Amino acid sequence: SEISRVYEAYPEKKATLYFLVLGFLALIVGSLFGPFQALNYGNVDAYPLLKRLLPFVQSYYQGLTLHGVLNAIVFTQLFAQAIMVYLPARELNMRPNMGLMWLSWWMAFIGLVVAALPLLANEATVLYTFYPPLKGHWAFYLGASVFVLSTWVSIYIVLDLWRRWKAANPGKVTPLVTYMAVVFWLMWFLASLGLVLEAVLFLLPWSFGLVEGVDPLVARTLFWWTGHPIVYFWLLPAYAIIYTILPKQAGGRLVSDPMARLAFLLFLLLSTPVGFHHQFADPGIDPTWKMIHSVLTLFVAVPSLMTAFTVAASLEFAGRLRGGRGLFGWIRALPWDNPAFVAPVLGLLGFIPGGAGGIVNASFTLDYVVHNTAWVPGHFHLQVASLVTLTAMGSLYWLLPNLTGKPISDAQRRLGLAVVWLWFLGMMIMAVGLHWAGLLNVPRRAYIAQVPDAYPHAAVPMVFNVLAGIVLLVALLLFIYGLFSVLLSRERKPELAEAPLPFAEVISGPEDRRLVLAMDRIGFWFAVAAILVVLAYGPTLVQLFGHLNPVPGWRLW
Amino acid sequence: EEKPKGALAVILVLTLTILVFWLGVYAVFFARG
Amino acid sequence: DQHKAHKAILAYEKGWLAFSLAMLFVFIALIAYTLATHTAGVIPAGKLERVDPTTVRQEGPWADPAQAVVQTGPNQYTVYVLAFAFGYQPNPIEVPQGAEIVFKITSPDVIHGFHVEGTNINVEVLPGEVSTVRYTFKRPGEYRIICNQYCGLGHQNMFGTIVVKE
Ligand code: HAS
Ligand code: HEM
Ligand code: CUA
Ligand SMILES: [Cu+]
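Protein chains in written order, with PDB author numbering: chain A, 6 to 562; chain C, 2 to 34; chain B, 3 to 168.
The set of hints was computed from the structure by calculation and includes no laboratory data.
It is possible that some hints are incorrect.
Here are the simulated DSBU-like pairs of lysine-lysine, each with C-alpha atoms no more than 30 Å apart in a straight line [as the list claims (entries may be wrong)]:
(1) C/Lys6 with B/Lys167
(2) A/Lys56 with A/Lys253
(3) B/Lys49 with C/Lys4
(4) A/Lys177 with A/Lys18
Some chain A residues well away from chain B (every beta-carbon gap over 12 Å; in silico) [what the hints assert, rightly or not]:
(5) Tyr136
(6) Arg337
(7) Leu427
(8) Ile453
(9) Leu478
(10) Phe489
(11) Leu501
(12) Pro507
(13) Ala535
(14) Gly543
Positions of the beta carbon are idealized from the N, C-alpha and C atoms, including for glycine.
Throw the hints in and build the complete structure from the sequences for me.
The following block contains the structure:
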């Protein structure tokens, strides 16, 4: 039942094509509403140009609610499901349990169409957060709560390949890329619990008439348990793309399989127990369980500060190798002509004001200055909208040939990287207006266009967002124009559709296999883990599951 | 061959950023008692 | 070259990894210093305090909006505040300068924000709980309560007012 021998000899080279392509569609839809939201905070009311251009659309918020779910949840997880599976495969060469890796895609779909329907209705128009008490449709919390479950299959399929290989190669350590996708997948179970908890034990029954109210202290304490780790989910796959594929896109080598393995280890141990950072402004949770997360939260920053050095040092070896002049001659040396390289490097760039703001955000009390203002959507745009997004957007310009075969025409390439340079330029500016507006107090999630003298001290940054919206608009269209040509051209040159995946070599030393051999007791950690999730959310999910005070839902739209 | 001066400079920038950022917002938070 | 420079790419790693934990501690230090002075007056009060939303604009501290202010000390005043779908109660809250204000906010309805433009007063208000914060307005003016947490279409318009008098 196939042709391209390519898929008859690897069919997950398709269980990866679709997951991926459901993913960028989901991006195209969302990232549409974005240029319009930019102009909002630019103080400019373009929502009627919108309202009639898709009159299915009611409120500004019907949008943000689309913009949120589809981009932060749909596009990202779907990308985590192309890369964080198909990579562990090709590195072990083994065929993922192709059935389970296909109940995954079909699942995803219906979950997505289940929660799309009400969403394009107005029956769940309750922001990406779906915070209780505002109630949504019944079809929302199923869809969403189906979609998320998809990944669980995936955890298996990977854990599955992981042990067929452990045993068909006994005593050889785990390979590098699988070792990522293992602790990464194992980190996602121990997170997801939270929101699966709050779906099983809360949103669903009460979404189904099966009680008349949700307590929100826990419905939103349980939601951040998933609510943090998830981004790390959003993120670690392109750390993988960046750790093990950027180097050699650069003409370098990862310079430590160890330091990368340690990152991903530390991410497993620390991305799950940090949720109260989200809850500084929530009451009912104690100052110390608060403070206990603020330091854990500054800890998880130790993986990203490290990933920085390892990657810089790594771009640089590569940079010199290729003629690398003086103190910054290394920069001017790199493949600046190949978007598989440019997309994530621009990403990583503004990932600097990214994490910095993060470290503000998490410094317990400082959060009161910025929490729920333009500051936050400015912070995450640097992170997801941009590093994550451009790292995936840019990962087409090599992972797409390798999954279809249409290579990239010097038309496409040179488009590949204008798209990339506007998105990054767009995101920077937007970033400046957002962070600044927030510092002035423009709240977020607010159709400020329509209370249009409320924020008058945010004049000049409002200009930056205008500027931003136009630029990202062009950028997004330019993007659509160009994704569409590389899964549409009917070229089909299948040989580089079997080019194996541009993995780097791995500048190897002596003080590897001691340390490397330390972080490979996957097990001992996957539990040192649990002990941490429990110690921290333990005490509260109890002073809390004991004072279950639920209240009735509402519907203010 | 030596010092990865480049990567040192890259992580030098993240450091001024991760500071000017933290540090100004500390000012802002103290201006606001 | 290459094996000269991985006996150097790991050393520097902790040149760096050391520094980063050094720097990250100066932070938890400075964070606790804040946790020492008044300033962290703003931290939601932690010890729980459940109430009912459908009936709070009925009995208890929250149903007569001008009983809002209530001298609860030598230097303190309490304001019982009501963030409801698409306004705040009272409006204005009137309160003194030099004086410790314990805010105790809450909802007849959806989650809200109580964001006191110009202060550190910033705090989720969940229908079900009593968000309790303390702040010392040292400087007269009318300040603006900003709702900063989505509660459906009313939201861009949800503002309240504080007036700390001379
Ligand atoms: C995709 C996703 C995201 C990543 C990754 C991310 C990282 C962090 N974030 Fe965040 N975040 C918070 C803290 C952090 C911290 C400490 C990290 C850390 O992982 C950050 C670490 C980053 C670094 C330590 C910098 C590393 C720099 C590198 C690695 C670049 C190197 C440069 C190179 C390699 C290239 C140079 C190359 C040349 C060629 C020169 C906090 C609070 O403490 C809040 C809530 C605040 C509030 O009050 O609401 C928050 C809010 C959010 C929200 C809003 C959720 C909502 O809607 O309510 C989203 C979507 C989000 C996303 C993401 N965030 N974050
Ligand atoms: C040109 C492209 C984009 C633009 C102009 C843009 C702009 C914005 C703006 C201005 C907001 C603030 C909404 C508000 O607070 O009123 C927002 C929300 C948000 N964006 Fe984007 N964004 C874009 C692309 C993306 C992408 C690719 C992602 C995912 C990786 C993303 C994830 C999010 C999330 C999760 C929210 C939260 C809104 C909520 O439910 O509160 N955005 N966007
Ligand atoms: Cu009440 Cu937004
Ligand atoms: Cu978080």
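How the hints compare with the structure:
1. C/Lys6 with B/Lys167: Measuring from Cα to Cα gives roughly 58 Å; hence the hint is violated.
2. A/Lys56 with A/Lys253: Status violated; Cα separation ~46 Å.
3. B/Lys49 with C/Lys4: With a Cα-Cα distance of about 53 Å, the restraint between B/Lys49 and C/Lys4 is violated, given a limit of 30 Å.
4. A/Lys177 with A/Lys18: holds, 26 Å
5. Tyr136: Given a closest Cβ separation of 6 Å, the condition is violated.
6. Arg337: holds, 21 Å
7. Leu427: Correct as stated: the minimum Cβ-Cβ distance to chain B is 29 Å, above 12 Å.
8. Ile453: violated, 6 Å
9. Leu478: A/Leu478 is indeed farther than 12 Å from all Cβ atoms of chain B, at 23 Å.
10. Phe489: Check passes; 34 Å lies beyond 12 Å.
11. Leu501: holds, 29 Å
12. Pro507: holds, 20 Å
13. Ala535: About 25 Å separates A/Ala535 from the closest Cβ of chain B, which puts it past 12 Å; holds.
14. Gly543: Holds, because the least Cβ-Cβ distance between A/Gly543 and chain B comes to about 16 Å, which exceeds 12 Å.
Comparing the model with each earlier hint shows violations of hints 1, 2, 3, 5, 8; every other hint is respected.
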